[PDB]
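Presented as structure tokens, the chain that follows is alone, the form deposited in one PDB entry.
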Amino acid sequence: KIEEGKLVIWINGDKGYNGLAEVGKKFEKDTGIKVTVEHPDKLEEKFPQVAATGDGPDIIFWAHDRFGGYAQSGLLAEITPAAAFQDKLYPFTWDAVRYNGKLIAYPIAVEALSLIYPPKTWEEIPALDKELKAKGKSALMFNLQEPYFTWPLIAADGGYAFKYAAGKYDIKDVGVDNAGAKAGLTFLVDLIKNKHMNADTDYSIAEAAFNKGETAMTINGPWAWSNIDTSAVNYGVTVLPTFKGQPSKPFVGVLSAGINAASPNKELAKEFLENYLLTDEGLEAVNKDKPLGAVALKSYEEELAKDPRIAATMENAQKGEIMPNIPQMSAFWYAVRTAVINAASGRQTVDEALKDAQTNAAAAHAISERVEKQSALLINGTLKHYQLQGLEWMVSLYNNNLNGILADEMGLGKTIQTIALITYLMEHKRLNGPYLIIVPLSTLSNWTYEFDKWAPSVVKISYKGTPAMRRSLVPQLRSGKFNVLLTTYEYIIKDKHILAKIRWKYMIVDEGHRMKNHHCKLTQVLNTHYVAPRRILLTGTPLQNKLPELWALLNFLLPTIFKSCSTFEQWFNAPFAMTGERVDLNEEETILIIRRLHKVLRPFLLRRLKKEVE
């Protein structure tokens, strides 16, 4: 479990773990509290597993970005340092450990990419290579294949990953396509076509070139310094050049110390971190085992700044931007990796490659999660290839906080595909919470039966019967002992005073073949009185070319957005109602509205036909 009156700390093997242990020994010496320092293999991967249990370490040491995921799950505690302690650390480092307006960790170290040799501007480098190539060398050689290294000039003029709003990042405000991003990336390909730089240059080539004295400059980080020290090159470290009178913005990696929320030793971790480790002597002890580069502590940074290399990694960091703590970043990197490659290799123009990457980073199904096999709780049958493909798309809906439509033709096992989602959300996620399933009366008994065949594990209630029979089910609900609740549309409408009181995790409505008039009265109640974030619709029809049906589908998928607006006429006339004119849509206007809604809903519907399956 998680032992009281003691401290267990996890830090990576590539860090000053033995140095940190001495700070722990000094803590035990003065207080009596034992401090255990461990470096487990893939600790960033083991931490979310053990912390969800209520086990693992009291303190975790990792970069602030991975801490964003843990903070969302609620695995890390809201740290409570006084104003006076916060004033000791650089204010920007606290922003790296802020999640939903809460300090979730104590910043330790700081890392950013640096210019290693100087050219004050990027613009002055084409000239410099002319000289160096006459002498038999090259002015610059860095890893181009990876977007982490190429990004600082792209971000310089105006480029950005996600726009940082008041407190949070916007995963829809992506700046891979603006004037700035294009200006920077055009300059990069300019240098490639002028033969100053080669597009085939990777990490191994860029490194071996600077070490063998073949190139005058390179862009890397502190991790390289060790391998260049052993190369006897008279290298220096400075700030990255200014593009268009604006500085280059590299990504800032802040080593942080996070407190586990399952730990009974929270005040002990505050005392050890604030008073033993986040001190000049405390950081110095770690820095002696394995250097920390720049540090968040003003006092110890001013002293380390005597070394120009450390004052450099700190100049770059203050001028750059901190790495976003959100999982959407994986889609942004996979976008800009291929964007930069294609542009430079000539396979796409700058304006083309960036257009795609901007579309791909802002895509709804940003977070990817492979589904190889089905859930263990799903037995007495094996899910077909398209049915597994359907489970992967439905988990992607849950992962990216999207509502969706499974419009597969009747008899494609939508029922089994739904059942398979619930089982995977229990096996691989801790989502056992109440599931609402609204089915047609005709197939109610087939749903209760299919659950019995495929997932006997899943304890379900069947909200059906005479008034007295339903009143009998009331206590089992209040317990929350159940996993699923199956019912017809009439009991959602009639027995709202009992069913609306539950905090439904996921909610599923199966309309069968076609939707009916009573499906809208059902959603009118569902929207007003019921609480369910995630929603899924099971239909047999494809996306209709009728505005009333699309209006309905919209109110089912986005219940919040259509509060004040009752009709599609009021909704789509809104940009034209400034004069108080009341005119309905016409044939043409309506065709274009249908067209746009089909484009808008495209990533929320999954349909397969029988002729393309088998």
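Rigid core: the largest C-alpha set superposing within 1.5 Å between the two forms. Only residues modelled in both forms are compared. Numbering follows the first chain given and starts at 1. What changes on going to the form deposited in another entry:
The residue that stands out in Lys212, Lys102, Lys373, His513 is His513, the single one whose Cα moves by 2 angstroms or more between these two forms on a rigid core fit. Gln524 is among the residues whose C-alpha shifts by 2 Å or more between these two forms once the rigid core is aligned. When the two forms are overlaid on the core, a lone consecutive residue run of 3+ whose CA positions all differ by 2 Å or more between these two forms maps to 513-526.
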Contents of the next structure:
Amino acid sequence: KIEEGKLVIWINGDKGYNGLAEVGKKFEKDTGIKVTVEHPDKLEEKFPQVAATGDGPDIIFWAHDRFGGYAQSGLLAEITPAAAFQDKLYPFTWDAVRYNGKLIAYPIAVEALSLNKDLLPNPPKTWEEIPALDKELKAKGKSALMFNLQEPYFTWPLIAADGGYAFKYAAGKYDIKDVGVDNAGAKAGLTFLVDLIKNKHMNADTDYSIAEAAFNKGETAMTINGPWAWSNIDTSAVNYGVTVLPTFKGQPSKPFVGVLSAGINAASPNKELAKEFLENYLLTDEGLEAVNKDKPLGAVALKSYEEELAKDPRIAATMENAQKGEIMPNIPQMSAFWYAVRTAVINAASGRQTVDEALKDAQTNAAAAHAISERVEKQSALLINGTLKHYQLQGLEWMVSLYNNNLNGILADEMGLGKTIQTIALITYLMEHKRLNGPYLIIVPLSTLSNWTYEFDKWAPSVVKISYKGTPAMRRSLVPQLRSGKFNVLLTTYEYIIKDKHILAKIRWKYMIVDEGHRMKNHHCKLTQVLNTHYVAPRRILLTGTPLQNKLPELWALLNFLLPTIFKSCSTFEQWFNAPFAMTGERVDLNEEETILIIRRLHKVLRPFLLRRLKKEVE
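Complement to the form deposited in one PDB entry: the form deposited in another entry:
Only one chain is given; partner chains and other molecules are left out.
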């Protein structure tokens, strides 16, 4: 499992592992405690699996970002250094490892992007200077700049300069709704990049197999890259150097900062052994120096050893950039943002789209509710006794996208498209692929209660269920089985949710699923608000025959179901929608026109939270 009185560390093969191994030796020497350092193939992939298991390493070495997910999962321990130790490192590095306002790793090294010696004797202080400068090198049958364009990481620092960002860092928390891809900053920066392409200075087709393949063959004078390039510009022996990034609009170009970190497994019994090894054997000028010798670690988190490294201009440069630039977010919403801005630039620079066009889309696509994309190739293992149709599996993919992105929703497919089976599919895939085995609540009408059991018994026999129904004395018989929580699903009706509330409200239901049935019935809000009062249900799903209704009362109750907390005190849609106009004590109901545009806006709002397919487009 996870061996006591010893230390097993995972660090990638690209890093100076054999150097780290030596630091482990001095530990075992002065302490006797064995230290094993391994570089497992695709270790960052293997780590979460084995961590939930209670296996794996005691110490993990990867960038502070990938640690966010591990921290969300709780696979990393809250590191406890005293104040004095925190002063030994830069405060900005401790930020990179702070999750939910708790330190979850030890910051180690720092990497960023940075800016020839002969050809370019003096470097351009402002970005604005580069056209004049290019005319000179173009007159020499060459160019002044040729970095990677086709990728967004390299092209983002000027977009970031004037005030263009990804997620607005709140209190101690990023906001995935406050996205800065459409502000003047981003537009000034991206317009300028397209300015160089249209003025023939820079080519739009410019990728990495050119970014490096030209600056190394003496074709260009300047380039924007990181430490992984330095070693290949040494091979071609071109007289090079690195420096700070230019001030576009009298503002510094902000690149993304990667902080190599050491995290301790929440499963590892040797937590004080790891704090002792890290705080006293690794996070020391001597300890860091030891690793740096096998493969350099660029800038370091440690103030003391950083000054000694700042002797080299190259390291003092990346570190200067770092404090002025910005740290990579640990939040999963990054995959959307990068995909958004990747395409934004390709288009804007190719001519296919206007700067204001590409950035308009990129900003929307990244702030999108279904940001976390997750492919579902095949059904659950627990999902047997039949193979789902193409769309039913597609239905599960949107429902797991609902789960991953922590959103509630509606499956409004036409009756007889297998919504029942589709729910069953979500519940199984949420056990066989995620560790969500917790109490599922399923509210079905009497008339289909029995069919719901029937289909579970067929397709997912593994899923054990309580079927909350019967005489008062029969319902009582079930009372213990709940307290046990040996069940995955409970099935019951609208009647028992309200009547036997004093027993069913008591459970912390992981997922709540309501099946409206066949009957096209208009629902009142008074009831949903009452369900809301007593029931803890983070993830909600609604299954309905009917599509989105064009009636405010129904839409009002739909929102109270979909967003339970938000409308706590406010009981009516009238109170809610008059509110921006209510501040004069005037009490007037909405009119016909006012109402039409409210319904209009509500349909556009609920738009990404509903899924509906029709028999006529399927078969």
